[PDB]
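J.: Based on the sequences and whatever the hints tell you, model everything.
There are 2 protein chains.
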Amino acid sequence: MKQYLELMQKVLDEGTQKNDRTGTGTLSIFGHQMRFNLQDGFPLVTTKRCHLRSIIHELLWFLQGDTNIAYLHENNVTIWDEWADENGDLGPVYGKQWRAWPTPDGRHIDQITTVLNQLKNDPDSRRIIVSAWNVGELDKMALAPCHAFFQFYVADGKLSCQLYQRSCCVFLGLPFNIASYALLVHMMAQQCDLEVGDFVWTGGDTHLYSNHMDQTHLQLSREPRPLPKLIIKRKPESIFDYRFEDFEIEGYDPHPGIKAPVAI
Amino acid sequence: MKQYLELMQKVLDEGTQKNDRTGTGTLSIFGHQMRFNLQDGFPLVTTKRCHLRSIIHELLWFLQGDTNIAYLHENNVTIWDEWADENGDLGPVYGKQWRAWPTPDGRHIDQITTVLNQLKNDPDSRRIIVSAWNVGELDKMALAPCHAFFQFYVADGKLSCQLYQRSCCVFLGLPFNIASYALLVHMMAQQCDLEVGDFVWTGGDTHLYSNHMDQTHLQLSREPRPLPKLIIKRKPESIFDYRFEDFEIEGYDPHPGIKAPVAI
Ligand SMILES: C#CCN(Cc1ccc2[nH]c(N)nc(=O)c2c1)c1ccc(C(=O)N[C@@H](CCC(=O)O)C(=O)O)cc1
Ligand SMILES: C#CCN(Cc1ccc2[nH]c(N)nc(=O)c2c1)c1ccc(C(=O)N[C@@H](CCC(=O)O)C(=O)O)cc1
Ligand SMILES: *c1cc(=O)[nH]c(=O)n1[C@H]1C[C@H](O)[C@@H](COP(=O)(O)O)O1
Ligand SMILES: O=c1ccn([C@H]2C[C@H](O)[C@@H](COP(=O)(O)O)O2)c(=O)[nH]1
Numbered sequence: 040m041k042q043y044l045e046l047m048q049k050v051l052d053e054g055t056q057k058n059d060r061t062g063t064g065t066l067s068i069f070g071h072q073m074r075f076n077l078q079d080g081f082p083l084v085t086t087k088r089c090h091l092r093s094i095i096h097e098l099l100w101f102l103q104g105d106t107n108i109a110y111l112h113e114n115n116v117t118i119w120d121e122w123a124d125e126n127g128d129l130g131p132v133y134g135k136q137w138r139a140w141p142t143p144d145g146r147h148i149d150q151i152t153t154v155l156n157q158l159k160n161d162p163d164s165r166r167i168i169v170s171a172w173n174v175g176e177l178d179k180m181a182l183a184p185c186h187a188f189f190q191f192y193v194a195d196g197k198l199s200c201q202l203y204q205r206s207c208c209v210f211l212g213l214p215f216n217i218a219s220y221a222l223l224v225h226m227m228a229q230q231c232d233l234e235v236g237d238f239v240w241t242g243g244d245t246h247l248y249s250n251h252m253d254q255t256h257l258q259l260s261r262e263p264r265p266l267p268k269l270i271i272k273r274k275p276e277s278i279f280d281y282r283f284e285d286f287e288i289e290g291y292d293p294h295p296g297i298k299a300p301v302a303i
Numbered sequence: 040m041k042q043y044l045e046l047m048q049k050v051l052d053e054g055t056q057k058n059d060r061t062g063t064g065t066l067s068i069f070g071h072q073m074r075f076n077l078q079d080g081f082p083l084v085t086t087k088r089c090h091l092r093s094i095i096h097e098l099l100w101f102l103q104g105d106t107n108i109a110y111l112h113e114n115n116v117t118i119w120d121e122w123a124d125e126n127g128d129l130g131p132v133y134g135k136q137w138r139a140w141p142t143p144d145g146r147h148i149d150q151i152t153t154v155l156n157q158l159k160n161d162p163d164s165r166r167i168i169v170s171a172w173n174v175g176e177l178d179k180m181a182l183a184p185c186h187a188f189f190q191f192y193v194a195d196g197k198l199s200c201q202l203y204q205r206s207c208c209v210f211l212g213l214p215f216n217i218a219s220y221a222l223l224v225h226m227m228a229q230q231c232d233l234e235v236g237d238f239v240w241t242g243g244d245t246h247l248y249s250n251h252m253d254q255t256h257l258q259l260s261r262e263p264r265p266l267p268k269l270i271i272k273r274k275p276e277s278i279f280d281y282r283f284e285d286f287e288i289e290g291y292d293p294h295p296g297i298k299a300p301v302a303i
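Chain order of the listed sequences is Y and W.
Each residue of the first sequence is one higher than the last, beginning at 40 in my numbering.
Each residue of the second sequence is one higher than the last, beginning at 40 in my numbering.
The hints are simulated quantities; they were obtained by calculation from the structure and are not laboratory data.
Everything hinted at is true.
Chain W stretches covered by chain Y per the calculated footprint, using a threshold of three residues with CB under 8 Å from any CB of chain Y:
{"no.": "1", "stretch": "48-58"}
{"no.": "2", "stretch": "191-198"}
{"no.": "3", "stretch": "240-247"}
We put the CB at the ideal spot given by N, CA and C, even for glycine.
T.: Written as structure tokens, this is what we have:
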């Protein structure tokens, strides 16, 4: 899409040559923001074919508060296998923090439940937030949260959301993170009887890995196409009752997929 | 400053009306990003005379890990009075989370010292973050954090910083926050022998209160003046050893001050 393709061009033109913890190298910029009016369509990239199957199961996985790769493997979703332990645990990552943030005194906070109730009962609140950046448990996580902080906002019966991504692999992860959250917004909006608003993406270290240069140049050649439309075919009793089948993307006519190496 | 004034104009041009828990009306937009090249000068508002004394003392107070206003009173800083209890306590706000975020294991994490060490030993890290948003202790705080989370970044021997402010009172609090963090960056930079880079400001619910409209337009009719210059007259042994006298602001010729009501 326009915004995404511009971010790619920006990294290429202004990026800085940094050496990352991988050793692979990187072109990087710091601080960037894009706005996606969800009224214009689901922000799923068209200049390259992306698969929602994994994006959806991961999100539903997150909402369960599950941090064991089990559910994902049972649905043929790899993504988190390269960081899971023997048993398939990743530590108190997204999900554990979303559904059971640990207080210093033993209790547990349910941020998703809180956010739902604030949306329904105090939509004007300026502190409707979900944070995965739990400092006290970062050392117990298989990896530090990339999409670490998000805030909801209601205005004219519309639900908007801003995500703060500390680290961003522009080529591989961004398309995935964007669709993931756009998805959540729709789910929340349906559960609270609100129209969808804007999805605002904000990133910290935004980069393109060196061995992605070819792919990026290839993708920048392709013309963006009309955005598809997300369809929710059922309104569950709660935001925790959604099932994979409930979603359907209509009108998605993307350019062919582009394979690329994942630096771990 | 150009960036600041354009923000105000944007809120006024694109903001929708909302009601906050203070019973006061507001004009707000959601999601915005601002950039300040610290090498251009110290980002202190000139279209309105600002008070540095308080800005500096609050910051030192934060770095000390202090959450009681006694210190602020000794130096005659009043900014926090309205929210302190009978004993001057504000609860586990900024200072406490920064210097001693409590984990569930009974440990405590000093995030400031941590980033300092990351800045010196692994400046390329994409996890140099300080968060005051402790879901577990929000209910003990006199006020939920406004400048909630910030990330550092190094490139070309320059230290940049990005702040995420969930809620922002454009006319009254923003000038304070900008200058506060710009100061933290200079200190962090001086301690790490780095040159200052950019201070990126990212806001969530950015608003102007209904009773600030006249002052806002008054200020908006003024022409920004050249940015002042910050001069540190000493290099302390640690980031925690700066005194008020170590700082000098030169070339500050602001327009007349503009008194305005604070929503509590
Ligand atoms: C962001 C995020 C979550 N994540 C996590 C995640 C973790 C480490 C990373 N490391 C690097 N170098 N780049 C990344 O974008 C990245 C993303 C993802 C995991 C795998 C794929 C991936 O390789 N894509 C495959 C599979 C897609 C699918 O199964 O649906 C592809 O062919 O597109 C994408 C996103
Ligand atoms: C940010 C922050 C810290 N804070 C804390 C803080 C806490 C709650 C808030 N609530 C609201 N409604 N607006 C705010 O900006 C705000 C700021 C401050 C508190 C007061 C002033 C203030 O009254 N402004 C006067 C100060 C005069 C003086 O120096 O004594 C001014 O005109 O500058 C500024 C900063
Ligand atoms: C909070 C503290 C700060 O440092 N700076 C700020 O601008 N503020 C503002 C935001 C808002 O006007 C009010 C907080 O209200 P709430 O927590 O959003 O409900 O103070
Ligand atoms: O949802 C995700 C997860 C990971 N990453 C990327 C960010 C970095 O490219 C790398 C993680 O590295 P560190 O930030 O921890 O160094 O994977 C994303 O872009 N999105």
